[PDB]
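**Student:** The primary structure of each chain is shown beneath.
2 protein chains.
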Amino acid sequence: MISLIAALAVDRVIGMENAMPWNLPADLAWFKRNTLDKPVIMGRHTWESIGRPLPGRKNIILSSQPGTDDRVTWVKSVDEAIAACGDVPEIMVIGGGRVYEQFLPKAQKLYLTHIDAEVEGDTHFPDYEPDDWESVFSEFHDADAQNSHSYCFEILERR
Amino acid sequence: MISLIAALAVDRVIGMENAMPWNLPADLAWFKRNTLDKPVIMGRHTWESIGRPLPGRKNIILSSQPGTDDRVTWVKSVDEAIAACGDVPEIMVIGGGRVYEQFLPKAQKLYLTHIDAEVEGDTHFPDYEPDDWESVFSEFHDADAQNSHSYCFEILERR
Ligand SMILES: Nc1nc(=O)c2cc(CNc3ccc(C(=O)N[C@@H](CCC(=O)O)C(=O)O)cc3)cnc2[nH]1
Ligand SMILES: Nc1nc(=O)c2cc(CNc3ccc(C(=O)N[C@@H](CCC(=O)O)C(=O)O)cc3)cnc2[nH]1
Ligand SMILES: [Ca+2]
Ligand SMILES: [Cl-]
Ligand SMILES: [Cl-]
Numbered sequence: 001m002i003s004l005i006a007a008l009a010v011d012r013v014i015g016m017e018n019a020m021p022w023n024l025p026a027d028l029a030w031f032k033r034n035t036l037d038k039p040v041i042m043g044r045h046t047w048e049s050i051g052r053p054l055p056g057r058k059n060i061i062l063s064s065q066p067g068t069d070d071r072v073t074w075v076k077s078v079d080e081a082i083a084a085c086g087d088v089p090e091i092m093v094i095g096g097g098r099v100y101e102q103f104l105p106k107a108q109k110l111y112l113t114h115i116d117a118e119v120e121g122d123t124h125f126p127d128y129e130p131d132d133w134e135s136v137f138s139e140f141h142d143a144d145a146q147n148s149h150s151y152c153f154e155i156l157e158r159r
Numbered sequence: 001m002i003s004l005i006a007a008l009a010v011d012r013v014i015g016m017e018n019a020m021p022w023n024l025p026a027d028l029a030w031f032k033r034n035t036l037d038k039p040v041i042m043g044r045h046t047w048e049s050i051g052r053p054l055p056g057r058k059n060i061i062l063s064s065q066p067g068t069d070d071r072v073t074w075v076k077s078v079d080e081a082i083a084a085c086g087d088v089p090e091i092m093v094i095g096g097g098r099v100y101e102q103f104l105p106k107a108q109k110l111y112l113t114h115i116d117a118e119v120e121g122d123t124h125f126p127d128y129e130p131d132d133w134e135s136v137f138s139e140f141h142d143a144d145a146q147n148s149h150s151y152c153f154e155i156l157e158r159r
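Chains as they are written, first to last, in the deposited numbering: chain B, 1 to 159; chain A, 1 to 159.
Don't read these hints as lab results, they were simulated from the structure.
Some hints could be false.
Which copy is meant is left open, because identical chains are indistinguishable; a pair holds if it fits in one copy or across any two.
For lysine to any residue, the following SDA-like pairs were computed, each having C-alpha atoms within a straight-line distance of at most 25 Å [as the list claims (entries may be wrong)]: (1) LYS58 - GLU120; (2) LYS58 - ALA145; (3) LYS32 - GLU154; (4) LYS76 - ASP116; (5) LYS76 - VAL119; (6) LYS58 - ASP87; (7) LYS106 - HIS141; (8) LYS109 - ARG33; (9) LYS106 - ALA6; (10) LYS32 - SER49; (11) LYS32 - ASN147; (12) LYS58 - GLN146; (13) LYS38 - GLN146; (14) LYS32 - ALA19; (15) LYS76 - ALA145; (16) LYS58 - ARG71.
Pulled out of the complex, with its shape left as it was, chain B reads as follows:
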């Protein structure tokens, strides 16, 4: 099945012009844990932001332009993206906005990290209706010596 994974600040802000103003090693640790050994689909801007391929996962880039790196798979359509995943039990889509909006309709699960940060954003997570999703796990944490803001992990499944 297809799942979406994202970190949302207040108002569902997911990206800004520059790097997000927070330092959340535990959030990254949760992202890794939930994506390891799975194929991940991302857009080009997100790829460019990451820098290198995500270790231990099959990296698939969805983009209309030509591929720039031989260490990943470049695809041109959603259909192409899915097919390239092969036969695995769960596909993870990691953004950005556009990619999230194109994949939401086929998604059965959301892994979200709500961060308590108020920022002006450039892109946002698509609007989802809470009456359509069931919260099956939630866990709140305050900022600490290593995390700059408080955050809450949440997993939702489509009703």
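On the provided structure of chain B, position chain A with the ligands as indicated by the hints.
**Tutor:** Positioned in the frame of chain B, the structure of chain A with the ligands alone reads:
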């Protein structure tokens, strides 16, 4: 000679206990390049923020408390911290606030990162009178896809 190295937000606010709300890999690289192969003196809150010995550096912890860990050197006073460094050309003091207050008077140099971020905070880097310090190097950088905010590296020499 003794040097202080710090990251300052607007109005000289520095970290107290929770991690600071920014993400500046360029600044951590600067921190690393300037402290590598040298001894570093820090307080107990900085030690928890770091979470493990800085590699390639002699880690000295100044604190009233007990040395939980064996990989670093635990001291109870400034004089003890200094002696622990032995005979080297430059000692790096890495914070926090009280630790900066204590070594400032003996400091000959300051490596500061001025970050364009408004953070609400209790602690401040000690007041330095720039007429007692000569700014000798200043280099500004804009925020980018990797750096959450604008920052400026600056080195000051005690006159
Ligand atoms: N929960 C969540 N948090 C995020 O920061 C996030 C980021 C993206 C897209 N950008 C990124 C940028 C860096 C890394 C990253 O470096 N991941 C490393 C983390 C280091 C670790 O897990 O020890 C990785 O191996 O996954 C991942 C995704 C998508 N969904 C998200 N979802
Ligand atoms: N300029 C400056 N920047 C800072 O971020 C800063 C932080 C402290 C104390 N806090 C910290 C927290 C983490 C690391 C740390 O993990 N440093 C690694 C670099 C890892 C990396 O560049 O990804 C190191 O090896 O120095 C250092 C100090 C003291 N002076 C500062 N001074
Ligand atoms: Ca529930
Ligand atoms: Cl993208
Ligand atoms: Cl401290």
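**Student:** Hint by hint, which ones does this structure get wrong, listed from lowest number up?
**Tutor:** Going through the list in order, the structure violates hints 1, 4, 5, 7 and respects the others.
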